[PDB]
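Turn these sequences into a full structure, and let the hints guide you.
The chain contents come next:
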Amino acid sequence: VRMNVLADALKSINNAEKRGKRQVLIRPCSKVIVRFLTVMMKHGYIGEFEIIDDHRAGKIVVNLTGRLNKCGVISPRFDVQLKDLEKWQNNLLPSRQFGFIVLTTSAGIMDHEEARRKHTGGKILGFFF
Amino acid sequence: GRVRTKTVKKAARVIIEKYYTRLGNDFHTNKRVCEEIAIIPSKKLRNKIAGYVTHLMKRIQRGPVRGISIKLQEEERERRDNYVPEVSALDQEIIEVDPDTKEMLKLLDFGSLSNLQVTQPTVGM
Amino acid sequence: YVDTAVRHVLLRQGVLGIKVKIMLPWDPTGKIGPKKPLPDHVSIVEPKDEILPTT
Amino acid sequence: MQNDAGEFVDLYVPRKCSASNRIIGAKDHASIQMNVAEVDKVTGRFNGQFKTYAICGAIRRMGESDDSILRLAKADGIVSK
Amino acid sequence: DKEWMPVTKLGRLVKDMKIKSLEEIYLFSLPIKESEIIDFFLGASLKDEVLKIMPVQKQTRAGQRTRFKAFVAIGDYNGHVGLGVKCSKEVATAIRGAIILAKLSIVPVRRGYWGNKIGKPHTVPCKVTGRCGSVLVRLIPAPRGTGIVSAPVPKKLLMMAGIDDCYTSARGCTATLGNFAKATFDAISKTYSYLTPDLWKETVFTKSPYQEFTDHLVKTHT
Amino acid sequence: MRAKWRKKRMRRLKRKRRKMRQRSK
Amino acid sequence: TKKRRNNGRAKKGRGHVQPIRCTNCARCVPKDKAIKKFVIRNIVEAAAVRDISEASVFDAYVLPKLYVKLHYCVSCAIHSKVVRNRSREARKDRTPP
Amino acid sequence: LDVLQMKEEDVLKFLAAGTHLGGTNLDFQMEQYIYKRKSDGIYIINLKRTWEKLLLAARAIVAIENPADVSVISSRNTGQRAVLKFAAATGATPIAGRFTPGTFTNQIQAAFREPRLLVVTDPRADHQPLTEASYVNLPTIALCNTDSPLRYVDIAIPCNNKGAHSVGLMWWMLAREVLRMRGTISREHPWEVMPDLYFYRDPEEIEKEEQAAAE
RNA sequence: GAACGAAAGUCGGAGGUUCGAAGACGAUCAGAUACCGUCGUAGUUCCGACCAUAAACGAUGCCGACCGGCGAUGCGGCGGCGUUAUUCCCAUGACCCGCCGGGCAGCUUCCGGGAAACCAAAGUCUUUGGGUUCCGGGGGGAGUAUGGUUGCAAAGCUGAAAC
RNA sequence: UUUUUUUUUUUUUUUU
Ligand SMILES: [Mg+2]
Ligand SMILES: [Mg+2]
Ligand SMILES: [Mg+2]
Ligand SMILES: [Mg+2]
Ligand SMILES: [Mg+2]
Ligand SMILES: [Mg+2]
Ligand SMILES: [Mg+2]
Ligand SMILES: [Mg+2]
Ligand SMILES: [Mg+2]
Ligand SMILES: [Mg+2]
Ligand SMILES: [Mg+2]
Ligand SMILES: [Mg+2]
Ligand SMILES: [Mg+2]
Ligand SMILES: [Mg+2]
Ligand SMILES: [Zn+2]
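Protein chains in written order, with the working numbering: chain S, 1 to 129; chain A, 1 to 125; chain W, 1 to 55; chain H, 1 to 81; chain L, 1 to 222; chain P, 1 to 25; chain F, 1 to 97; chain E, 1 to 215.
It is worth saying that the hints were derived from the structure and are not from the lab. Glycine included, every Cβ here is placed at the ideal spot set by N, Cα and C. Incorrect hints may have been included.
Unchecked claim - Partial selection, computed: residues in chain W whose CB lies under 10 angstroms from chain A: (1) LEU38; (2) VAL42; (3) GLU46; (4) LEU52.
Shown next as structure tokens:
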């Protein structure tokens, strides 16, 4: 039924970007989703956001810039050992000028660019550009 | 079979539209007026043109035509456009319509001048 | 109005028949084209005058 | 887009639409560069200066233009409080 | 030798030479109507090839009516290309018409780098896609001096579009050029439409050519 | 010939061949 | 292809509707798929009303009507000139005047 | 703003015309203009935001310099009366009657125009010029009703345009605002013409009946 | 692995109106053993058991989320000194107005798609990954042969090759 | 109310 709620969040983000609306409602909340949007915010692709704290499970409302072509989730959360990123680079990123990958390292939810410097690797959550 | 050809009706409307003035309601006169104001290569074409010209004259003398109007009909339609009396752009300068627009003019900053009163049941359509 | 030209051409393939027909333009005076207009193409004169008020 | 030489590489910079921050294409002929004029203060006379609002094609086709022009004029303050 | 015969007010701007380059027209996406406007903006855009001329048949009451369908791809090698499809009952007529329709449908091409900024770009800015019918043409950036690895028809089209290096991936009836060339054309037309994180700067909105040269427009109407 | 009656003729042939097998087991 | 969105009939929620016989060729047809009409008739010829109006005993207060739920199938109704064909955008129509 | 704000003469003329009522159906993008349901199943448009769209439409019309580029259409015979006088009232190019599809697209015909702004009366009656806008890159100011769709509409003025009186009052007041923003007459002075020209004369018979009674 | 599963069919018991395979004639046709008409068998009915198939069709697996509007209609729930029936409050009754939930649907649209017909899903797909079962790989041979298994039988399930 | 059949292969495409 309800599984991998990161996908449920990011397909709503995708439909709202393709439609052209301003702000999205997402009924589940995860620390995964919050740190994912933190990476997207720090790299500037979204705007400011706000978490309605339900006692049960909150709801995230995100102001949208309008730059987001495509965000999404790789489904089974594959492992990625280092010196195996370049497969995912050529397979997922639209170019060698932009695009980002969200790894899950032991030292936090990191970025494709911070991961190669921190020299960790780990599991893939998703991608956005 | 008087279904008359496109070129005949075309030349006839051009003839009446240029020279409404010379043409009268008499067929044999209008026939010879057509040879004065036009160049018609044949006598059958003269007769066809003059016949439909007289049938158009019995419409234009009757009323205005959707095809083309003469200068007199132009001036009369311009008169009917710009006729201005001083009557009813404004009524008596209180008009009563609605309690909902009374609420509206309570909202918007105005003087709440005078009465507005209907109350209705709920049989809309 | 229509000047018919029908000629033969002998080649190694055989024969080629050519037909050329040219509609002459209506010029009212001169040797260029014919002097009778088309019975469909009817010319009129442009409007006459303007001023006509009483005195 | 700049190279390592710092040269402005690209031929033209497309109009990012002021409604929803999306590129007006080279053939997106539904797009319009709306212009609205400036007004003076209490004198109320015309100013020769004007403000420019761009509306792109799919926004115009859907109908976010009617909301969008007032919401773009309202943040600019030219319509109301 | 014959005169340009202006109409439609953009051409009167062209004859007064008040619009500098074709980039000013692509800034506002004004509808181009006459063909020799781009001849005045580009005197070196004669570079073209007829892609394919194929017959189509209409089964009419006596026999099959034949008429030929001509494909012409023109291009300046700086990044401007046009594609024209024209069907007519004569070869020379259809070729002239397809040339004029390509002159009308010329569009610019964005050209980016493979991943190193060094200079004078050589490839598409990203993996773009184009679709026409059931044909998907996917353009992927390529390293420097690779060449264009593709079918001969879009190799010609990207050779005209100023691309030196590209990877292509087709899917569908690639046998039909009538959809395949239009798919490649839509792919290279979407390149300025696709956003990029170095083109986020807010627009400047320079003036319209109409409001910039209203006085010429008033004196040419009057 | 319909697929209906094609199945019917193959079905009748199958019953005939089954009778032949049961006649010589 | 689909020639119609509704597949001709009007069954959508149901799984099976009763059949009803047609009048002409007596074929059973599901009762929404059938061409249904309703003949309200004066039981006399309307030209022959006046003959009975002459020699009628009462003061023309008896006016009997004959009401029949008339029920066609499509394979013979088209032959019997009711449900005449239309165009692509003309199939989207409803009740005739 | 504070000087272009509404006065009591304006709302007196609005309530005298009857623009406050509307139709019975809403477009979903027409929610923000209209105010309240009524007892007779009638939706009342406000006047506060009604003046605002008229203000912005006036600013957009004064924005184009050469007023001949202002092209004004009405198809129906309500606004066919108003458009012809509104065009000569400022500078505009009138086109009423049959719209002649292909007005803006093909150029073989001498009847060809290249406008930079369009004002229409009814979108559902002008389904064709709004469609022709999208090829030739021109905006749209539309006198939208309560039940009118908003495709290819940039600035929508909420009103009722069934009755001829509200149509004529809007065209009068729009010209009245555009000419003041040009600077013909100042704000603190009435406009020198009366909206019946802009309203609409029907079968004269009753016109010359009024003349014959007023002999 | 398991329960239901239309019509027809099979095995007992009861009866048998109408219809009616088979069969019989009469006509039509060159020929009819076919359509048309007259008669009429099994079955159509019910009670017990079996068979498990269909254009079993929305030719659209199931769950979940997002993405336009509009008027309906069915069922609950809520709001509305509008109207109307009791006797006289009072309630549920009957319309009218509107909202909420989910159900069967429909009109419109450049939401986006697809080869198109068309679809608010057949969309959110070369920018391709929510979870999961069953499946197809040019047409024929063929759902045939041949094995196994179920069935009283009709047959069902699984199922190939030469060419 | 009828009303059935009627060899077999012959048919290729341009420059501006
Ligand atoms: Mg193939
Ligand atoms: Mg068919
Ligand atoms: Mg069924
Ligand atoms: Mg049964
Ligand atoms: Mg038996
Ligand atoms: Mg026994
Ligand atoms: Mg027994
Ligand atoms: Mg019987
Ligand atoms: Mg099956
Ligand atoms: Mg299933
Ligand atoms: Mg199933
Ligand atoms: Mg209820
Ligand atoms: Mg109850
Ligand atoms: Mg034979
Ligand atoms: Zn029947």
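Each hint, compared with the structure:
no., hint, in the structure
1, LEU38, "holds, 8 angstroms"
2, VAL42, "holds, 5 angstroms"
3, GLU46, "holds, 8 angstroms"
4, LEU52, "holds, 9 angstroms"
When each numbered hint is compared with the structure, no violation occurs for any of them.
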